[PDB]
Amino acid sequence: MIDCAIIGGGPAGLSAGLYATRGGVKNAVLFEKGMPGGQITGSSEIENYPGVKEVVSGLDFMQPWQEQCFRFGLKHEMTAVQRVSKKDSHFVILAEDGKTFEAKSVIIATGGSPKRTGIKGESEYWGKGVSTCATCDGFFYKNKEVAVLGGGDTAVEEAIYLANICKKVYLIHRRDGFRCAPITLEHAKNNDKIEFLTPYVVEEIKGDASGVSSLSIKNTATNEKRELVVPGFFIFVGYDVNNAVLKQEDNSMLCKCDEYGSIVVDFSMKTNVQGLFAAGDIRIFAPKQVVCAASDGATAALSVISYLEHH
């Protein structure tokens, strides 16, 4: 049987694979549903990963992780995992095509992803002024005006944050009400760098071959239109954790999760189930940065190594 099954090949899974294998686990298998590297791969540039000084596309950034993380004997399975279950004191991995794999320990490194909006120009201008990460990209817009789209905590919090960097922030929402914490909303209503554009819809993201120049918006109260000139547009429209592999046949969850579906872990990346670990954007309080995910992967692998030593 597999000693350790790593589900997901982003930074968390790749680091887990590096560490497990370098730590003497002889049969570690990384499961990836096609295209190693994870979310960063959609980025046109990453510059805040500590210790890598060259600014380069997410795909180029991740590509040396392939030969390094596989250098010490890691194996691959190219397949979408459907489900992980507990069986006696081990685990069963069910592949979506119906094949099965058993493993002594499992690391869930399945991450998540930002909801998209499907507004016209979103895909065309993505990385040229359309963004999903204020931490990653907010600094490029240092003395400028920027727009934020969204209704919950992340949207309002990110508008406060960008208001600290940018000359001005338009906060665009379809409703006068925000599905977020009321005190954070009060801070934003009392921050003079944030103009609220409510109730609005973004009808098109417009610009030229260098990226965004403006948004076509409509007030749904009056239907008056407006062309809003901004180099930067941040969308914070919800996040989906890739939970699905946790769901059992009787619809129960494999391990304890928080009320948003993230997996509960302690500082050693352990879940409440013995021999099951989690790492990356999938776990509670994940800061959602590559270094963070990589760190989790390393610490989960170290935990696996101790676990296999004792069982």
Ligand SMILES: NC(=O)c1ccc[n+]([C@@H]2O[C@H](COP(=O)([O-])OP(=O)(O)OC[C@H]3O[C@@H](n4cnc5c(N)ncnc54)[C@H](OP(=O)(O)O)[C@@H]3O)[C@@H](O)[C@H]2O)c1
Contents of the next structure:
Protein chains: 2
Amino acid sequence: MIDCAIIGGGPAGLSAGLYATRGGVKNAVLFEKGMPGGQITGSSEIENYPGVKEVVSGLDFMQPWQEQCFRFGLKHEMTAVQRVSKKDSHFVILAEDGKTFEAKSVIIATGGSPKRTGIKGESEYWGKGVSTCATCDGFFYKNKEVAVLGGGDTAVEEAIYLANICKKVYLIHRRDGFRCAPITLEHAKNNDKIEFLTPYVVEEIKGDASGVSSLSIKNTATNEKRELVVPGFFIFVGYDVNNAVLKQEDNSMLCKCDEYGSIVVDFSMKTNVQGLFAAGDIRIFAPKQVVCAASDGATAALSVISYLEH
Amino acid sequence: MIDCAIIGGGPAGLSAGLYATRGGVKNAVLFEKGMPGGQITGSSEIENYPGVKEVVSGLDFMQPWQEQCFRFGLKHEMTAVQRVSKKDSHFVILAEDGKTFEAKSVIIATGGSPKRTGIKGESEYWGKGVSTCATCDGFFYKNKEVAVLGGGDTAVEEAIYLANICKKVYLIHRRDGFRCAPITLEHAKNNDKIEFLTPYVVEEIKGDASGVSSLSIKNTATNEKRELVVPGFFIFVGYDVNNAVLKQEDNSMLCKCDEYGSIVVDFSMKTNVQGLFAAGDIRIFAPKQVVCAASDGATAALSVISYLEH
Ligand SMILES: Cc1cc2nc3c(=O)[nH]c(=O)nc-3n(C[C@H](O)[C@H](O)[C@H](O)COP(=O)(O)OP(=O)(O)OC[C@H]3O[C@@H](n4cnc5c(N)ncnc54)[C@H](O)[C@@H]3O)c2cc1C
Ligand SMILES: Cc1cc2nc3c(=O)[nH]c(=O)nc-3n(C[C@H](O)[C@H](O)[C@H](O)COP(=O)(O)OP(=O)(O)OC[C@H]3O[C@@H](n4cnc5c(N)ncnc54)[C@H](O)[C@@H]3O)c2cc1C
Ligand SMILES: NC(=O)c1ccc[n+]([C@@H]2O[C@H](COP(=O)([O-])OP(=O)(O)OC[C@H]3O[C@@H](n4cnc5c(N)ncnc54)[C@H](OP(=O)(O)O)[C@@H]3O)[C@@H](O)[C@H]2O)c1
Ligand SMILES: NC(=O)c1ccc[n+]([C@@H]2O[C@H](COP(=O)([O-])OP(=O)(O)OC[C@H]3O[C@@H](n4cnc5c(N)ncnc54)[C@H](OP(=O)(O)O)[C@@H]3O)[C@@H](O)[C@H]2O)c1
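Counterpart to the form solved without this ligand, namely the form solved in complex with this ligand:
Now the complete complex, all chains and molecules, led by this one.
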């Protein structure tokens, strides 16, 4: 049977595969729904991966990871994992196609995905100024005006953050009431560089050949229209954790998760289940950066190696 | 004063500076003795940094980090830090050149130092067949024979690890008795791929342009001498974290450490002191890999950015 089944082929899974195989795990299999690379492949530019000086698309950035991470014997399974279950002292991995695989250890590296809106222009201008990552794209908007969409803790927190780099932030939300904490809302209300626009919806994300130039926004109450001229639009309308593979037949979870469905791990990337590790955006307190996911993968693989020895 | 003082210019501090400055921290200063790059610059070959496909020396690997991590206004302070103290709501950084710097936040990224033996040849072949990292360099000796030096938990655990990758491991120690846990000794003693050489000292590490080629050893009980022909020599005679900057004039420590002196951090790289963070090999449970240190630095910088907001 498989020594280590790595579920998900983004940076976490790829790094775990590199480390596991280069560390002497002879039968490691990377399960991935499509082409690996993960979320970054949807980005037009990455420039903050330490040690990679060239600015290139997310797709181009991930291209060399394929040869490198497979250089030491990693195997691929191009399949959609439906479930991971514990059976005695091993794991049973059910694929969506009906196939079952057995593994001694498992690394869950399935990531997650920022939620999208379907606002007109969102796809066309995705990655030219429509962003779902202030850390990735905030720096370009230094001394400029930006808009943030959402009314949760993430929206309001990233609004406060962008308020420290940008000239002005327009915080757009469809209700007068906010889901975020009162304390953080208070901070945002006291920040003079944040203009609250509520209750508003964004009807169109407008741009050039190049990209985002303005937002066509509407006051849902008065129907008054306004064009917000901003080259940066940050969307924070929630985040989907890809934890579906943890759900058992009886609806229980394979391992402990937090209230949001993120996998609880320790500093060794161990879950509360022997032989089961997690890595990347799927785990608690993930910073949501490629280098952080890659580090998790390496850590989880190192733990797998020790586990398989013992 | 400085918004964030980063203490150490290895991958953790460099990644911290990149993220801090790209995240809008206006006055971030990296303190480093000599030139950034850290421990990996002692290695003749790194190939396990995810996303960097080329096989190059540590020095060459780190060279692109200089321009990249300083691209966004990071400042460089070319001096060793003697001490970090907390004073009211800030930090006082006493440098060895006698200057004092004030900072609103600090990231400790000072790493650590494998203990060296001073054996003839050690300096010359360091990183060229002499290694203190089995995960780093073990794969090169797959199906070959290697030697391990030491008698503690690290040496014996790494001998067991290497015996799963290499053809044979010679475990060399200067006494018949070992400091490692009893069960670890038992496993090693009964592993057919480990040959114990005790009580022995290594008199010389010999080699050529290609690297290590043999060890001259001596049996201190019987005084007889032997040449071990091995291309790989792993040294595990202890390790010291670089926590000297935490030591206060009154002999207290700036922040909580574990029993070995590694800085306690949470998943956000926060210490028990407000405004003080730590990253890389200095912190508890550090896996001791470049990617892991870089991730810690990124994480600490994001925590710094949040901290400086309020
Ligand atoms: C648009 C965008 C821009 C970004 N910009 C940056 C940036 O500039 N810098 C940076 O550091 N980070 C950036 N990020 C964040 C970074 O991409 C993520 O933090 C990182 O990809 C997380 O890696 P991961 O391996 O944990 O998960 P993911 O990248 O989400 O990879 C998970 C993989 O598992 C696969 N999978 C999931 N479920 C299954 C299943 N059941 N069976 C089989 N396969 C499955 C998925 O197909 C996916 O390929 C960006 C993210 C996005 C979306
Ligand atoms: C022989 C060898 C081979 C290795 N091979 C690999 C490998 O193949 N792959 C891999 O991923 N990892 C490898 N590593 C491990 C890797 O080098 C470390 O894990 C990593 O460099 C840790 O980064 P860091 O920034 O935490 O610490 P360090 O790299 O130790 O950097 C800390 C920096 O802070 C500076 N500093 C310390 N004290 C002060 C002070 N008081 N004031 C100012 N500056 C200070 C130090 O001089 C140093 O430059 C190897 C290590 C060794 C020894
Ligand atoms: N450090 C912290 O304390 C911290 C930080 C970040 C996140 N969190 C946690 O994570 C959760 C927060 O999630 P998070 O903000 O990503 O999202 P989350 O709370 O779901 O909030 C999503 C927000 O986006 C709005 N929204 C959703 N879909 C939209 C759409 N299609 N168009 C326009 N607006 C839309 C929602 O509006 P409505 O309100 O009208 O439904 C809501 O205001 C909370 O439980 C919080 O505890 C905590
Ligand atoms: N899984 C675990 O629980 C685990 C794993 C690793 C480490 N640890 C702990 O971490 C700490 C560090 O231990 P670690 O083994 O790195 O080192 P540590 O116990 O100091 O052991 C060092 C070993 O190196 C030998 N040595 C020192 N200098 C030498 C020299 N110049 N030439 C030849 N031999 C030399 C010592 O010999 P002598 O014995 O003759 O002095 C000793 O056997 C220990 O407390 C250890 O138990 C725990």
